Amino acid sequence: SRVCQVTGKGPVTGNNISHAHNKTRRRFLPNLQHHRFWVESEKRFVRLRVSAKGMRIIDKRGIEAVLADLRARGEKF
Amino acid sequence: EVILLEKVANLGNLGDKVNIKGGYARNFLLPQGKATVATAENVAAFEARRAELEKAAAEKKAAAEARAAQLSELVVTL
RNA sequence: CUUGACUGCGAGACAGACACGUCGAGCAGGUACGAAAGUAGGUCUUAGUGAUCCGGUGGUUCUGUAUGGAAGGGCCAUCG
RNA sequence: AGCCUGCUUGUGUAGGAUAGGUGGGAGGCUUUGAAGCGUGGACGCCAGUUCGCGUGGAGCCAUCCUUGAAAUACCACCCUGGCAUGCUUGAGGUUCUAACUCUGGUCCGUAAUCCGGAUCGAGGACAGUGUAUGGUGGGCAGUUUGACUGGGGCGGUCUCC
RNA sequence: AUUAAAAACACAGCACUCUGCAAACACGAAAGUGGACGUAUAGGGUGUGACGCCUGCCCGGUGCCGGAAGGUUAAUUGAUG
RNA sequence: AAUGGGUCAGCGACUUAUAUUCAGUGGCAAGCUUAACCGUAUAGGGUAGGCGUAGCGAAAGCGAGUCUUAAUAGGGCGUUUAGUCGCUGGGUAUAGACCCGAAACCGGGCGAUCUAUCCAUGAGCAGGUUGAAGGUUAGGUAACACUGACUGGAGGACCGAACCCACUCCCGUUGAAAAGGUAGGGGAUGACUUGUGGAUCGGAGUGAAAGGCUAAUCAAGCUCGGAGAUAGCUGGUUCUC
RNA sequence: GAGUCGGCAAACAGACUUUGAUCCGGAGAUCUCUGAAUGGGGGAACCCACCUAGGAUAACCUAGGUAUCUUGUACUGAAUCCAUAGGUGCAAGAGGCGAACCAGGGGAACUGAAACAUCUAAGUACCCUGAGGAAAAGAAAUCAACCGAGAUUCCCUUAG
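Protein chains in written order, with the authors' numbering: chain X, 2 to 78; chain H, 2 to 79.
It should be emphasised that the hints constitute simulated quantities derived from the structure, not laboratory data.
It cannot be assumed that every hint is accurate.
Said to hold, decoys possible - Cβ pair distances, simulated, as ranges:
id : chain 1 : residue 1 : chain 2 : residue 2 : range
1  : H       : 54        : X       : 44        : 41 to 47 Å
2  : H       : 17        : X       : 32        : 41 to 47 Å
3  : H       : 54        : X       : 71        : 32 to 38 Å
4  : X       : 12        : H       : 44        : 48 to 54 Å
As the list claims (entries may be wrong) - Taking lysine-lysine pairs in the DSS-like style, the calculated list, with each CA pair at most 25 Å apart, reads:
id : chain 1 : residue 1 : chain 2 : residue 2
5  : X       : 54        : H       : 8
6  : X       : 61        : H       : 22
7  : X       : 77        : X       : 10
8  : X       : 10        : X       : 54
9  : H       : 18        : X       : 61
10 : H       : 61        : X       : 61
11 : H       : 35        : X       : 44
12 : X       : 10        : X       : 44
13 : H       : 35        : H       : 61
14 : H       : 61        : H       : 8
15 : H       : 22        : H       : 35
16 : X       : 54        : H       : 22
17 : H       : 56        : H       : 22
Here a beta-carbon is modelled for each residue, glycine too, at the ideal position from N, C-alpha and C.
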């Protein structure tokens, strides 16, 4: 489903207030894309569907640290 | 934000910290072994290996001395 | 000649379901005219209009979320 | 479009010759300020000015010498016509490959037209998706569409004198 | 279906218009699937309705298609007061 | 000659909670009263809180006064003898709020055994006509055009049974039948009819299109919930003086 | 401690019990097929299997196993060299049902406003996912005004 595999960001819900203040149920989707991340210590790519906030977290913490606790949680890659 | 490891870039240096775009660090330099993100965890390991930068980077331009002599022969029969 | 087309009110009535509305002697403060009694709170009279809630503007003694201020609110005057 | 360097170029009335000025500054004498005419390089609100003076180690602009609203030589500070470039940024075009995409080939998981992985190819920072935003939008939706009235519809009338 | 069998709908034929393929288009929050294991002589939509003779005028409105690039104009910028 | 009731016997409509106001009736009285809770528990405790003993002002504030005001003037409101807590009635508020009664809206399922389309796999169409294209043959032309004879056996062809349909009349209308029967009628080798299995479903299907059909239901199925929707409407509301 | 062989269902047979039945409680034994249903299918209560061990004379029978997933581990190993995916075997655990209570995800409309859009109804009803006997929350980056109080939950007030 549309959850980031790094952050767990799924879709959330809210409203669509008009100028006459009609509220309508919409939904807020994460900016999740597919990205291949190079791991040196495995000599391959892993391809995980992450948000852009997850991309920034990979940039800050390293792919090895995030890929360590993806599998403690028990994700695919 | 990255330490370079090659001197033949068009806006690169030997080992100077340059701050670049995120895609250029992310998608090209780091998966090809030519840069590494400048982290504050192993910086005292870099200064005890500075004499490793001379040998391969001198040998690389020294191997192209006799490498370009076989490419311009024009002996390829199409 | 000139600003009484004043300010604070207001005894008492008229009208009237209510919200509204109508008239007003007198008192205080300041003024017009008039030599002076006095007249003057618009126009001979009755139409010429629009509630509240929102906003805007000028004051203010009031408030002002720990305190000193502000913000916002309140009252008074006013506009859409 | 932002910033800097030597800051060189300032040609009106009148001033031989120059006005954007501020202070040490009254004489410039470091080959004077190499000089009378002048070779070539530039430009001129045009015959105003810089350097190889044609040769050479040489007194010309006379620092009120006039004149002009402030005078030139000395020496520091900036900007203006702006010379050049990088330290940058913002919009286009082209190109590259490395993100990304492929409802392309070939291997492999595998006895699989799925799906992954590897590789080749092709496109390519476009496409596409997230979020924000203008536009369109009866495709769909929730509603509204007044009263009086010799029945209703039409016309007329709604407040005030 | 159970008061209307028709002049109604359909139809071959016709014309307009869309669509270069991961097609236009449809159903699907999506994946996918139909179109189609088809490929412009194909496929969707629309109107007309065999055949014969024909199918006139108007581009103002509205739509659709193309065109400069001038005004307007949104988020976002954040000068200045 | 408006409605309603065949009749009888049962049932069937002003409730309850919590806040409050007024009356009546009690207890205490410048005071009254407790709520949770504690309690060997309808006691006793617990006075937090509520109302009253003071009002005026929008407020700061000031107070038997206060506000307005330039005003010790006017004017507004207030000021010597009672309130509070029960209990029982009459009202009111919020609750389905005296009872019954819509059409409808929304949410979750259930249905394509009827039907509309489609998919797969099977099978039905007695009998009689008509005689297309092709061929063969004789003619006939440079081969071609073109004529006869024989053959052939086409077709959303024709007449007609089964089958499928449903145009007309009459009957039937409390039917034999919630859509039929009897006489006649249309198609009947196809854009046919049909069995069996499967697919599509409720702002959603399918539709040679009629708002047709989707289980005798259709301009938005059925069922269960929101739900005792809502009804300024209709009907009803029970002993006595 | 004297009757009994359950009930509608009273009788009747053949019987059982003082050497102690029936009856009552505790622990076992058996426990067919279905159903999460789990060997594979399936139209629930049916159909067809495989492997191991033992017994059975051209027919079988007994007792065990044989689902998927997750986690852990062992062995094995593709493209591809190394090792990764993948695959086989073991161990442990799960799944389903239940009126409510609880924490979350998604979430109406009638209704009221005497119409109706903001608003209400209402984060209600409904659907979904987890957990427990309760859950949730909880030990101050909390409130108070210069005084102080100290986690959370629940109740009465402040107060309509």
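Sort out which numbered hints this structure fails and list those numbers smallest first. 1, 2, 4, 5, 10, 12 and 17
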